[PDB]
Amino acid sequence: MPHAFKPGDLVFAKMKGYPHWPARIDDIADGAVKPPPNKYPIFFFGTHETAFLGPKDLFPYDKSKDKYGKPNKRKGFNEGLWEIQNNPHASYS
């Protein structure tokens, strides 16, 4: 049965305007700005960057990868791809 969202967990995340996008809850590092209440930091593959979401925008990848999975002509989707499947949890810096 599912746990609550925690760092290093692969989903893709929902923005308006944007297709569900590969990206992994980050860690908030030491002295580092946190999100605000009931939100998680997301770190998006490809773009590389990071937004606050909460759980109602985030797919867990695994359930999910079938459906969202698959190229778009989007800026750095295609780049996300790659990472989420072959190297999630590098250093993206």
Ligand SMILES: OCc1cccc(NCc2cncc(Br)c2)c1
Second form
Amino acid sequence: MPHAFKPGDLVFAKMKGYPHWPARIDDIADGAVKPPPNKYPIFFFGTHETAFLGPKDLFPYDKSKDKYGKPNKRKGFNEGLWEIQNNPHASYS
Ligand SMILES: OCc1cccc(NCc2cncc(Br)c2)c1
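Right, and the form deposited with the named molecule bound of this protein, after the form deposited without the named molecule?
Next comes the full complex, and the chain you just saw is listed first.
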């Protein structure tokens, strides 16, 4: 049974103008800006950028990897695929 997203969960995250992108739910550091209601800090693998997104844009990784895991030409995407498959919980900062 699924649960609400928690830090460490692996997803594909969708933003307008980009393919569904390999990403993880991040933690919020002490005193850092918190997401709006029902949004989460999304760390994008490959590009190593963070956005606040809601669950409607978050696709759990295992269920969605067959559909969204194909390499493409977008900058950072293939490295993102490598990171989520090979070391998704490492420090990339
Ligand atoms: O719209 C706010 C916002 C926040 C972070 C990054 C971007 N664009 C670039 C980008 C980088 N990695 C994955 C994707 Br998917 C997109 C936009």
